[PDB]
Amino acid sequence: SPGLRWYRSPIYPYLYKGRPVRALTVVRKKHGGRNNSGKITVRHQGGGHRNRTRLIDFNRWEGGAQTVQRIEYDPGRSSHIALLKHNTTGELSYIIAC
Amino acid sequence: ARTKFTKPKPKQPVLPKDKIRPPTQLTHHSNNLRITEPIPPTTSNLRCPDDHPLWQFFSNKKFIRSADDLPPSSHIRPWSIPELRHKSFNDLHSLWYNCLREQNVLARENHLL
Amino acid sequence: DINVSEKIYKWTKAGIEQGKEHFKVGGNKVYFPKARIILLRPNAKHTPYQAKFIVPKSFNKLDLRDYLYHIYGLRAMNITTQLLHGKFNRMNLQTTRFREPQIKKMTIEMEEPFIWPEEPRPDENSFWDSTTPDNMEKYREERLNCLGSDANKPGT
Amino acid sequence: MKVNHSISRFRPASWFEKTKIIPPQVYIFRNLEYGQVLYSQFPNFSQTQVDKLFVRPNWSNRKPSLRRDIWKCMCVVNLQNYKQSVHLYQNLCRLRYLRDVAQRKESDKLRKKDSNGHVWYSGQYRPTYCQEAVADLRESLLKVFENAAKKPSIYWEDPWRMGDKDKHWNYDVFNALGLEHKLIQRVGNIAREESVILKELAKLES
Amino acid sequence: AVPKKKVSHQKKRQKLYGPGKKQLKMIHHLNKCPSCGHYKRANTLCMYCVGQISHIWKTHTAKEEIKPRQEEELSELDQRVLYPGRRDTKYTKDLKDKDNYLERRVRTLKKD
Amino acid sequence: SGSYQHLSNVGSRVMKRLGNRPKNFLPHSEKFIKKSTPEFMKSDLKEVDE
Amino acid sequence: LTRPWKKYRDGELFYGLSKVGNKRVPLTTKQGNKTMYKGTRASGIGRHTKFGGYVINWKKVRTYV
Amino acid sequence: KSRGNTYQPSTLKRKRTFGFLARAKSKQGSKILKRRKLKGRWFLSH
RNA sequence: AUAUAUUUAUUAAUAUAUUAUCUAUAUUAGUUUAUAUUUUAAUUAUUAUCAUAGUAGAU
RNA sequence: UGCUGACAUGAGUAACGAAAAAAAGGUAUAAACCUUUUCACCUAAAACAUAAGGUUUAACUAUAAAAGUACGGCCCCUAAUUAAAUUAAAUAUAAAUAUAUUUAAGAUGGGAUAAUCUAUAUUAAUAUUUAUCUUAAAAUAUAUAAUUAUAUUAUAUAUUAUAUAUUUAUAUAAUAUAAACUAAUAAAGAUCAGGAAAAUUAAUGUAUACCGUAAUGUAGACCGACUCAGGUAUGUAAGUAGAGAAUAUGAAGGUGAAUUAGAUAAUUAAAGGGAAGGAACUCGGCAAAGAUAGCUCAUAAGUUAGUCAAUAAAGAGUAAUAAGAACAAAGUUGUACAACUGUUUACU
Ligand SMILES: [Mg+2]
Ligand SMILES: [Mg+2]
Ligand SMILES: [Mg+2]
Ligand SMILES: [Mg+2]
Ligand SMILES: [Mg+2]
Ligand SMILES: [Mg+2]
Ligand SMILES: [Mg+2]
Ligand SMILES: [Mg+2]
Ligand SMILES: [Mg+2]
Ligand SMILES: [Mg+2]
Ligand SMILES: [Mg+2]
Ligand SMILES: [Mg+2]
Ligand SMILES: [Mg+2]
Ligand SMILES: [Mg+2]
Ligand SMILES: [Mg+2]
Ligand SMILES: [Mg+2]
Ligand SMILES: [Mg+2]
Ligand SMILES: [Mg+2]
Ligand SMILES: [Mg+2]
Ligand SMILES: [Mg+2]
Ligand SMILES: [Mg+2]
Ligand SMILES: [Mg+2]
Ligand SMILES: [Mg+2]
Ligand SMILES: [Mg+2]
Ligand SMILES: [Mg+2]
Ligand SMILES: [Mg+2]
Ligand SMILES: [Mg+2]
Ligand SMILES: [Mg+2]
Ligand SMILES: [Mg+2]
Ligand SMILES: [Mg+2]
Ligand SMILES: [Mg+2]
Ligand SMILES: [Mg+2]
Ligand SMILES: [Mg+2]
Ligand SMILES: [Mg+2]
Ligand SMILES: [Mg+2]
Ligand SMILES: [Mg+2]
Ligand SMILES: [Mg+2]
Ligand SMILES: [Mg+2]
Ligand SMILES: [Mg+2]
Ligand SMILES: [Zn+2]
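Protein chains in written order, with the entry's author numbering: chain B, 100 to 197; chain T, 15 to 127; chain P, 55 to 210; chain d, 1 to 148, 158 to 215; chain W, 72 to 183; chain Q, 2 to 51; chain 3, 17 to 81; chain Y, 60 to 105.
One should not assume that every hint holds.
No farther apart than 30 Å at their CA atoms in a straight line, the calculated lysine-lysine pairs in the DSS-like style are these [as the list claims (entries may be wrong)]:
#1 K17 (chain Q) - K60 (chain Y)
#2 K158 (chain P) - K74 (chain P)
#3 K113 (chain d) - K64 (chain P)
#4 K76 (chain 3) - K161 (chain W)
#5 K43 (chain Q) - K192 (chain P)
#6 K35 (chain 3) - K64 (chain P)
#7 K46 (chain 3) - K84 (chain Y)
#8 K20 (chain d) - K212 (chain d)
#9 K106 (chain P) - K164 (chain W)
#10 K169 (chain W) - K54 (chain 3)
#11 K76 (chain 3) - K74 (chain P)
#12 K75 (chain 3) - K106 (chain P)
#13 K111 (chain W) - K92 (chain W)
#14 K105 (chain d) - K134 (chain W)
#15 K17 (chain Q) - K161 (chain W)
#16 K141 (chain P) - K88 (chain P)
#17 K191 (chain d) - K74 (chain P)
#18 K36 (chain Q) - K22 (chain 3)
#19 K39 (chain 3) - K17 (chain Q)
#20 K141 (chain P) - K207 (chain P)
#21 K93 (chain W) - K82 (chain W)
#22 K75 (chain T) - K74 (chain P)
#23 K116 (chain B) - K129 (chain B)
#24 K78 (chain P) - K208 (chain d)
#25 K99 (chain P) - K113 (chain d)
#26 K159 (chain d) - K20 (chain d)
#27 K60 (chain Y) - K86 (chain Y)
#28 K39 (chain 3) - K93 (chain W)
#29 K192 (chain P) - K35 (chain Q)
#30 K99 (chain P) - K72 (chain d)
#31 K129 (chain W) - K103 (chain W)
#32 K96 (chain Y) - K74 (chain Y)
#33 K212 (chain d) - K106 (chain P)
#34 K98 (chain Y) - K74 (chain Y)
#35 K212 (chain d) - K105 (chain d)
#36 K83 (chain d) - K72 (chain d)
#37 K212 (chain d) - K174 (chain d)
#38 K20 (chain d) - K113 (chain d)
Hints listed in this document are in silico derivations from the structure and should not be mistaken for laboratory results.
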């Protein structure tokens with residue numbers, strides 16, 4: 100197809116090919132770029148694919164050693180995310196992948 | 015599509031005589047069966063009782079009270095409030111239910127009319 | 055021990071045996087009910103063991119059964135409910151349209167049969183004689199809807 | 001999963017003997033909406049049974065709804081053997097087929113017509129179908145006994170539904186058998202606790 | 072395409088009634104029917120006599136009405152129970168009064 | 002009739018309006034009534050209000 | 017013909033007298049969606065179940081003494 | 060694309076938008092209702 | 001198979017007339033088809049309808 | 001081009017809205033209504049079930065029958081979203097009001113049990129989208145354990161015969177079509193990465209409320225001023241044929257209509273055929289005509305390497321040689337502009 104001719108995407112085979120942990124995901128509510136008025140404030144935003152926002156830990160408070168179990172695709176950000184598992188505690192969390 | 019070039023399909027694969035199971039049912043309906051005329055249900059089998067409580071909605075078992083069967087306006091009066099005032103509770107209750115019954119009888123008739 | 059429907063059936067049988075209510079009596083005691091019911095003629099679809107009533111629009115199926123038991127002494131075993139539609143009617147096209155009343159009609163099944171008394175002849179009963187009112191109606195139709203030279207046209 | 005129930009197929013005598021859910025008997029069901037009748041080997045039924053019977057539907061004989069409330073038991077007919085009951089059921093189905101498809105004109109001629117030449121109706125209720133079913137039942141039973158201990162019996166919903174005990178139902182074969190025309194006990198909600206009543210009846214003759 | 076003026080009384084009337092083509096003609100070609108001595112059209116059958124003959128044929132060549140036995144031998148009460156009366160619709164009533172909208176054939180005058 | 006109107010009080014406002022016709026259009030109301038009624042039924046005297 | 021007595025085109029409808037009329041008139045039980053439930057003041061009797069059933073409360077049921 | 064059929068009935072929607080209770084609930088709708096009452100209207104809302 | 005006639009010792013055989021060539025059960029849920037079982041449940045002559053006048057050759 | 005009413009004129013003119021009718025009888029009242037027979041039309045519909053809608057139009061007033069299981073609402077739960085509601089001082093604000101947070105509402109969605117028929121109450125206690133291949137397994141035949149060729153391969157049930165609890169239960173074995181289709185299962189490919197919200201045992205209960213149910217629904221019964229060739233959601237949609245829901249036919253069902261009868265000039269429309277010629281027509285091949293398999297082969301230059309070009313053109317096999325259903329399939333090239341699939345002036 101002529102639409103395929105210029106379709107490039109980087110291949111990451113180590114990347115996870117499963118669903119994210121469901122407890123760490125919230126629904127990504129769409130807006131269409133409309134503010135509380137209901138009027139288009141930000142132009143050019145609309146009906147994409149359905150998504151879930153992932154609750155990724157930016158603060159990084161708890162401390163202690165945590166093993167990265169897997170690295171995932173995240174639809175709401177250009178970076179990959181890494182599912183950490185706390186070695187002592189056993190608590191599960193997402194983190195921006197290095 | 016069907017065409018000049020379309021060769022006919024093969025016949026379906028029949029199961030051999032020995033391998034086929036005998037059917038569970040062997041003996042079917044009688045061939046002698048005949049369409050007889052219908053038999054319409056009759057009142058003769060009923061024994062409708064003479065004191066069926068639904069007769070209480072009628073008056074002397076009449077489909078409709080004629081002018082003569084009705085109580086005339088001059089002969090009849092409604093109750094006076096003072097008259098009612100010296101009647102017992104149970105009596106009043108009974109009177110009320112009699113009134114209601116009478117209304118039902120009339121209501122049936124009135125509707126029909 | 056036993057299923058629910060079976061228990062209900064047993065209860066009903068017990069109540070019948072007693073000559074008490076064949077059903078659980080409620081607690082909301084209405085001493086002076088104002089509700090009337092219109093016993094209707096039977097349709098072709100019903101049996102001699104059925105009877106149908108026009109009842110109040112706010113009348114319950116259970117309520118009806120209770121009414122039949124206590125007021126009249128009749129025990130309705132099964133009851134159905136048929137709330138009718140209210141078709142639009144108007145006196146004339148100059149007037150506002152409105153619906154005729156939604157009317158509730160409840161069929162009952164009963165353990166003894168019943169057939170209505172036969173409707174009277176035209177000569178016998180004064181009221182049950184549709185010739186006169188129909189004739190009057192026809193005459194009214196003729197006279198109001200008579201326009202020009204149909205005034206001379208002889209009456210039907 | 002298990003898809004099929006007892007009702008899901010036609011069941012012959014051997015199957016009944018193996019199981020023994022109910023005694024040897026056939027159930028008959030009035031349609032309160034249209035007046036149509038529905039035969040069945042079991043006290044319940046499905047869409048399959050309806051499809052089997054109502055094969056050539058028209059405006060006069062519409063394919064009935066499967067809604068449970070409008071169906072009510074007209075008649076429960078008990079017989080001397082499972083095989084006999086099966087045969088009766090088959091005969092009834094055959095008769096129905098004849099009336100609808102094969103010998104339809106004769107059936108139509110036999111029926112009651114109104115003015116404007118239609119089979120008499122009140123609403124979409126036609127009271128001829130029930131009558132035919134009673135006549136057809138009588139015929140099928142008679143055929144079964146010609147083809148041919159417990160005395161057989163027909164538990165009626167209603168005693169009125171008989172055409173006349175003199176004119177019909179007094180064949181010599183029936184008399185010899187001891188065909189007892191009983192009726193179902195109406196000491197309860199007949200429509201609502203119908204299944205329970207049928208179970209009780211089944212228990213009674215076993 | 073469109074009339075330029077209100078057409079006058081004269082000009083509409085001479086248009087309509089002036090030409091013989093547009094007028095009605097006397098029916099000179101009446102004559103006596105030989106079967107009944109009445110007016111009929113020439114080279115035409117008498118509608119009375121042929122109607123009478125058709126009626127005769129109907130009365131003789133009549134397919135017998137099918138009365139089912141079971142309905143013929145019902146009791147009156149039983150019949151009433153089974154097949155009760157009903158209110159006919161306005162449309163139905165209108166249909167029933169055929170004499171309102173159905174024209175029976177008139178008889179011609181007797182010829183002299 | 003085939004009415005069912007008699008088992009209710011439906012279209013109440015309309016009925017009131019019809020029932021309580023203005024008195025200055027009373028001749029209008031009764032003209033058509035008179036026409037409708039046969040000779041043996043109709044009376045010459047005025048139907049006074051309750 | 018829809019009706020045989022009317023051969024020619026009068027301004028009579030297929031059914032009824034007038035198509036038009038006052039649309040603003042209270043709803044009944046028959047009208048509206050599948051979800052539209054009017055009710056007829058008949059059953060403040062028991063209680064609706066969590067699953068969609070109903071459970072009668074007999075102390076709140078009308079007897080006619 | 061033929062026009063004319065701009066009305067496309069659906070009872071629920073009508074009652075939401077133009078029903079009495081919708082009018083009552085809003086301030087603006089209440090004002091409308093009042094105005095209609097003042098006029099003499101028989102039918103205040105759908 | 002039914003109805004009407006004739007023979008025979010109501011039965012069977014023959015003649016005429018009418019109607020019928022269905023149905024039901026098996027092969028793991030449903031539908032269709034196939035075969036088997038069930039039943040009396042037929043294969044030749046000649047027509048017709050529909051498919052742009054079905055298409056084509058003449059006329 | 002005054003307003004309202006009444007009545008003219010055009011004019012007894014056009015038109016009567018895609019249409020197949022005939023006879024006999026109801027009825028010596030019927031082109032139009034009902035019946036019977038014949039004929040035709042629709043048939044992955046003009047059928048049968050339904051949704052929404054609506055002057056109940058219906059087979060009607062003696063009127064559309066439900067405790068629940070291939071029954072819906074109501075009810076529980078929430079989405080989108082909504083709310084003169086909610087929090088000395090929630091925040092902002094000429095008033096109106098607006099914002100944030102709570103709570104409440106809100107189906108188009110989720111919701112236990114069931115033919116062996118099933119029991120919902122109270123109290124107490126701690127799931128985007130698509131796919132089912134290959135391999136492997138055993139089965140059936142050819143040849144000399146192993147090869148070759150062919151189908152079969154997870155589930156759905158009755159029968160018969162066994163072994164254990166005791167004719168009712170559990171497990172095992174054997175018997176048994178093809179092609180579609182369903183549900184439920186398992187394993188899994190792609191990036192565009194795929195809703196929300198509402199516990200379990202025990203005892204005690206359960207007399208089962210209300211509303212919807214007619215008919216109409218590719219339409220005369222809704223939205224289009226009309227009984228309007230327009231608009232209108234879903235599921236079945238007999239077989240024969242086929243790749244198929246294409247196309248032909250039509251079992252059954254439904255239908256043949258508020259216009260008829262004749263005549264068929266000129267002329268118009270919508271079709272069919274046409275000698276000799278073959279774009280000479282015309283602004284322009286507009287319109288019309290034109291398909292020598294649709295399956296299996298084969299298929300170039302150029303080129304961004306993509307059978308892109310290609311469904312290449314031509315051409316072959318099967319079929320057919322005088323032809324003899326419908327439907328799919330309608331050339332090749334040069335140049336200008338624009339990469340491309342898309343979007344646009346609802347009605348030039
Ligand atoms: Mg941008
Ligand atoms: Mg039930
Ligand atoms: Mg509706
Ligand atoms: Mg408009
Ligand atoms: Mg199967
Ligand atoms: Mg045969
Ligand atoms: Mg056709
Ligand atoms: Mg002037
Ligand atoms: Mg003319
Ligand atoms: Mg002209
Ligand atoms: Mg002219
Ligand atoms: Mg003309
Ligand atoms: Mg037309
Ligand atoms: Mg005639
Ligand atoms: Mg098909
Ligand atoms: Mg239709
Ligand atoms: Mg329909
Ligand atoms: Mg419907
Ligand atoms: Mg109900
Ligand atoms: Mg419910
Ligand atoms: Mg809520
Ligand atoms: Mg809600
Ligand atoms: Mg919902
Ligand atoms: Mg229906
Ligand atoms: Mg409309
Ligand atoms: Mg228009
Ligand atoms: Mg139309
Ligand atoms: Mg087609
Ligand atoms: Mg056909
Ligand atoms: Mg030429
Ligand atoms: Mg040539
Ligand atoms: Mg030129
Ligand atoms: Mg030139
Ligand atoms: Mg062209
Ligand atoms: Mg090359
Ligand atoms: Mg083409
Ligand atoms: Mg472009
Ligand atoms: Mg567009
Ligand atoms: Mg445009
Ligand atoms: Zn004569």
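Hint-by-hint comparison with the structure:
1. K17 (chain Q) - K60 (chain Y): Between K17 (chain Q) and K60 (chain Y) the Cα gap is close to 49 Å, so the pair fails against 30 Å, i.e. violated.
2. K158 (chain P) - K74 (chain P): holds (28 Å)
3. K113 (chain d) - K64 (chain P): violated (45 Å)
4. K76 (chain 3) - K161 (chain W): violated (46 Å)
5. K43 (chain Q) - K192 (chain P): holds (17 Å)
6. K35 (chain 3) - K64 (chain P): Status violated; Cα separation ~56 Å.
7. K46 (chain 3) - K84 (chain Y): Since the Cα atoms of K46 (chain 3) and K84 (chain Y) sit roughly 26 Å apart, the hinted pair holds (cutoff 30 Å).
8. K20 (chain d) - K212 (chain d): Holds, at about 11 Å.
9. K106 (chain P) - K164 (chain W): holds (27 Å)
10. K169 (chain W) - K54 (chain 3): It is violated: about 45 Å lies between the C-alpha atoms, which goes past 30 Å.
11. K76 (chain 3) - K74 (chain P): Roughly 20 Å separates the two Cα atoms, so the pair holds.
12. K75 (chain 3) - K106 (chain P): holds (28 Å)
13. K111 (chain W) - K92 (chain W): holds (25 Å)
14. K105 (chain d) - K134 (chain W): holds (17 Å)
15. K17 (chain Q) - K161 (chain W): holds (28 Å)
16. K141 (chain P) - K88 (chain P): holds (27 Å)
17. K191 (chain d) - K74 (chain P): holds (27 Å)
18. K36 (chain Q) - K22 (chain 3): holds (28 Å)
19. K39 (chain 3) - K17 (chain Q): holds (21 Å)
20. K141 (chain P) - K207 (chain P): violated (36 Å)
21. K93 (chain W) - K82 (chain W): holds (15 Å)
22. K75 (chain T) - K74 (chain P): holds (28 Å)
23. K116 (chain B) - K129 (chain B): holds (25 Å)
24. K78 (chain P) - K208 (chain d): Distance ~24 Å between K78 (chain P) and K208 (chain d) Cα, so the pair holds.
25. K99 (chain P) - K113 (chain d): Satisfied, since the Cα-Cα distance of roughly 17 Å is no more than 30 Å.
26. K159 (chain d) - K20 (chain d): Distance ~17 Å between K159 (chain d) and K20 (chain d) Cα, so the pair holds.
27. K60 (chain Y) - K86 (chain Y): Distance of about 39 Å is beyond 30 Å: violated.
28. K39 (chain 3) - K93 (chain W): violated (53 Å)
29. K192 (chain P) - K35 (chain Q): holds (15 Å)
30. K99 (chain P) - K72 (chain d): Given pair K99 (chain P), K72 (chain d) holds - Cα atoms ~13 Å apart, limit 30 Å.
31. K129 (chain W) - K103 (chain W): The given pair, whose Cα atoms are some 26 Å apart, holds under the 30 Å limit.
32. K96 (chain Y) - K74 (chain Y): Measuring from Cα to Cα gives roughly 19 Å; hence the hint holds.
33. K212 (chain d) - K106 (chain P): violated (34 Å)
34. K98 (chain Y) - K74 (chain Y): holds (23 Å)
35. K212 (chain d) - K105 (chain d): Violated. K212 (chain d) to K105 (chain d) sits at ~42 Å, over the 30 Å cutoff.
36. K83 (chain d) - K72 (chain d): holds (25 Å)
37. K212 (chain d) - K174 (chain d): holds (28 Å)
38. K20 (chain d) - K113 (chain d): Violated, at roughly 44 Å.
Figure legend: structure checked against the earlier numbered hints; hints not met, in rising order: 1, 3, 4, 6, 10, 20, 27, 28, 33, 35, 38.
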